[PDB]
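As you look at this complex, bear in mind that one protein chain is not there, while each of the others sits in place.
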Amino acid sequence: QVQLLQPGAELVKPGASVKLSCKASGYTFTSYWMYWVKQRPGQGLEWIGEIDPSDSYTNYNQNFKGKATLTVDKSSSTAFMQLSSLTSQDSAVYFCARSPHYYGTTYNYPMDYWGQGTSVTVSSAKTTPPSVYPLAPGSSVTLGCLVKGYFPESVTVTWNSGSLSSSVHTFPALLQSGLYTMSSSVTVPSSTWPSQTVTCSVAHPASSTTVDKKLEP
Amino acid sequence: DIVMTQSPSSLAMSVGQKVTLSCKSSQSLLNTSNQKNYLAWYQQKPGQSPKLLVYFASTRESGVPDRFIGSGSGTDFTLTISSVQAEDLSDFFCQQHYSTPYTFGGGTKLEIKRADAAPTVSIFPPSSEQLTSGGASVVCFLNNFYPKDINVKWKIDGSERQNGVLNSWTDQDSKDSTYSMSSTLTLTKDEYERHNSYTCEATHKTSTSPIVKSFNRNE
Partner (left out) sequence: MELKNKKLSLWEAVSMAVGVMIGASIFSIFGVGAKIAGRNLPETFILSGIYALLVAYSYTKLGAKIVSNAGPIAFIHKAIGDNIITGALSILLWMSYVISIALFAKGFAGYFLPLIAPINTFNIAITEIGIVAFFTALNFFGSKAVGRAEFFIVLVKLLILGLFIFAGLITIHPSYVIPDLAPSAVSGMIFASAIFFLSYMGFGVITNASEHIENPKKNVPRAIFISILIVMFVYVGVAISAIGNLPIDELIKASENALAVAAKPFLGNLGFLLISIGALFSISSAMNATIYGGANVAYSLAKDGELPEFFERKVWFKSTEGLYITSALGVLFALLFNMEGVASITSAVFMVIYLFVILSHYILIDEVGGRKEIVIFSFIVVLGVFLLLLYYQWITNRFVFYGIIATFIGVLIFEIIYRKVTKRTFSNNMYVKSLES
């Protein structure tokens, strides 16, 4: 019920800016802090700053002073983080996260509800959708879905609109010649395929793309 | 700034075992009038947002399993996992919620130990729509094995090949605690069609004899 909507990915050119959005629902937006958190690949979590959505009071981590600007829009229950003059250092996953306030007290609180995070990628041009190729061949049958030639990250592969999720392997993306390739595997009994249907749905939010592939022998 | 220090770096535990993760702060997190310790614990599964487990040192967040217990005061804190479960595989981060800027520890990685398992190997011919598009890639899935160490041998007509291979390992499985691996041999349509025998050989600690999967282009 309580959730924070973040776009999956953002591609931006060096030197440019992004306004990352965090849409709140399920609770009164202005009664809680909004925090923002940076996570680079293979690293820990770094707290960027805070905003009181009621009066737009801000407090920043010194390391991000002049780098990030926090604003809200009260009517739309949306918190924004603007990142300025983007470098290779700024490409990372950025989380928005709720924090209980409790005015007039000495209590500070951690972050209870988080967005899924926006993976920001700082690169020069070339957003491209994926090419999706099916992988079809006793007792169990393994089927696959190949996701090739896409930029930037990331994609999500779902099987039979989510219903098949038990035996699912999501293989991490690898970069080759400026383009990403990843894989997804699913395992079903031999009595459930080729009848009934097995389908991989592949989503690439950076290009607003969704591709379905039915697996057939 | 308050420096947060976590220990140990990583630990490998089998299901049901007990572990104690420690977190240290450079300053006391105890509010002298409140009598409360401003320390939180989080869980981050690979590719997911951090999930709040414990706050104010010892209060479990709603919906969090009883297996997680926080304690300590001042500068020294503890998260006990009394009985690690398959799903618990992740990074565990402590965070002081005492004073801005709020700071996290570097984390403790938990991986699951289990019995050795042999990989299920599946080879896949380049898709019809793949070759009728320019390139051609042969995929080999090695599924549900332990431990994570594994090797794929590609053979073109029975002879070694490793030029256009891409190797990818999944994160540990949150259900059966196994690993899975993807190996992709990418060729040009031209070079793919000038050969017949395509072979994928899987070598794993569980056996000195490699598991072999093959297909011929004329079938």
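Per-chain numbering from 1; labels A and B assigned in written order.
Simple rule for what comes next: contacts are C-beta pairs under 8 Å (C-beta built on N, C-alpha and C of every residue); 3 or more make two chains touch, one makes a residue touch a chain.
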Practice prompt. May I ask which residue of A:23, A:101 or A:148 touches the chain that does not appear here?
Written response: A:101
Discussion item. Which candidate, A:2, A:16 or A:175, sits in contact with the chain we can't see?
Written reply: A:2
Fill in: Hidden partner interface residues of chain A, rising order
1-2, 26-28, 30-31, 54-55, 100-105, 109, 112
Worksheet item: In the full complex, which residues of chain B touch the absent chain?
Response: 52, 55, 61-62
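We adopt the following convention: only the chains that are shown with their structure count from here on.
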Discussion item. Quick check: in the complex, which residue numbers of chain B touch chain A?
Written reply: 31, 33-34, 36, 38, 40, 42, 49-52, 55, 61, 93, 95, 97-107, 120, 122, 124, 126-127, 129-130, 133, 137, 139, 141, 143, 166, 168-171, 173, 180-182, 184
Fill in: Interfacial residue positions of chain A with respect to chain B in the complex
35, 37, 44-47, 50, 59, 61-62, 95, 106-112, 114-117, 131, 133-137, 140, 142, 144, 146, 148, 169-174, 176, 181-183, 185, 187
